[PDB]
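Quick heads-up: it's one chain on its own, the form deposited in one PDB entry, in structure tokens.
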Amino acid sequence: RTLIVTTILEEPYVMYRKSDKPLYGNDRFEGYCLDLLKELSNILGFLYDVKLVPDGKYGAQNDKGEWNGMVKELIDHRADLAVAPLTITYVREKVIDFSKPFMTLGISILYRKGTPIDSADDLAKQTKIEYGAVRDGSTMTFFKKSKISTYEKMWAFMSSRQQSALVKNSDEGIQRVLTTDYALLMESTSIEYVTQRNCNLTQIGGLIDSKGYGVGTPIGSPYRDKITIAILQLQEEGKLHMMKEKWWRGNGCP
């Protein structure tokens, strides 16, 4: 009856706690998602064991059909819940049962300060500034699948030259923005996070799409609806808003 929770290291949602001594079990971790999981477990009355997804991926398909990451963990019933910044997409929703979103966001642009660039359109209609995304997350998958003129055009640039405009993780993307003439396409809530800790960076433009993070469960899970209900309540009570502010504060930038 103790639930297995699959998740992934991603600041500030899930991080190894800083410690002078070895930590064990759930105490090894901290972050927004750990806080959310505590609230959920209290409300619904379950125990849980947090387990990092072994392959270190969120979840995508390969050339012919097979899934990986936390999405596959759910499909195989190697996990009961996935509590991470896991984007609710229709392709994923076809293979797992997502709760309703605990956070809403969209793709936006991370870039250095001091430029005239103001929108995705600006990037798309030029080639002097490089731009790209982290591989195999919902962000790359968005551009790859898009039939929307500008984003289709952006994908062609991004996917060209054996995908040299893409990066392996957000941290590398961030360093690339800091060091070179490069703009990173990134989920807005992570842009918010980073820009309040590094005053040299800023968001460019608004959100190019709209979507949410949801708790994942296997198709047919009896916990999904209960989790949705708890989330809706936590949102209404202002507790999700408080949780976000707790983890996003950072040092602060103008």
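Definition used throughout: the rigid core is the maximal C-alpha set that superposes within 1.5 Å between two forms. Residue numbers count along the first chain shown, from 1. What changes on going to the form deposited in another entry:
In the two-part rigid motion between these two forms, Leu23 and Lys100 are assigned to the same rigid part, each C-alpha being placed with the superposition that fits it better. Each of the two rigid parts keeps its shape between these two forms, while the smaller one turns against the larger by 24°, per C-alpha superposition.
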The other form holds:
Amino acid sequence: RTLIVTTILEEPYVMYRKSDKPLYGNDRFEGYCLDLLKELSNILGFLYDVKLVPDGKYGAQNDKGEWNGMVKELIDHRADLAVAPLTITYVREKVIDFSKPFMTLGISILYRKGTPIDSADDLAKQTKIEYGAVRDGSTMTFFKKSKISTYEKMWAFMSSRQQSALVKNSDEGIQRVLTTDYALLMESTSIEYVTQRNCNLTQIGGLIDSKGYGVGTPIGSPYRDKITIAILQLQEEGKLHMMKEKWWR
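Follow the form deposited in one PDB entry with the form deposited in another entry, if you could.
The next block holds one chain only.
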């Protein structure tokens, strides 16, 4: 009766709820994805038990093609739904089902307000403002693997000089953006979380490498179609915009 929902700690999607005493059950967690799960549970009518993915991974394959993370939990039917910022990808779609994306995003540019900079075309042709991405992240992985000429060029730059233009994590990247003449390339959702808290920062340009976060289910699940419908229903009603503004403002 009670569906098992696998998820992953990820701000502001899933966070431990702050409390003065140890909490139990789903009340331990809060965030955008917990609110989304509550709406889904009230549209389709189901009880749910949230369980963090034991290895804290989204889901990738090792050298032998063995899966891990939330994808493996669905593949092995240890979870009925994955309600998380789980990216819809070619390799994953072949082993699990995805709903239509509840959130769409891409690579954009975090930078200061009031600067001539205005696009990815402009950053690629100057060498004064140091620009890069989080080392070993999805954004960096995109630029490194890209066959698109212009993105190969931006990768050559940010990976030059011992890769000094890169940063270890988003936080260190953020602090580098505020403290020095540095422009960060990362997810538009993450940037939007930054611009709301650092009013001296903005988003420059549009999106590269579009993608979406969807709810994952085991292949053959009856909930895939149901959840897709509910997500689009919520989107049409503006409720997803409400949820996002709540946890990002």
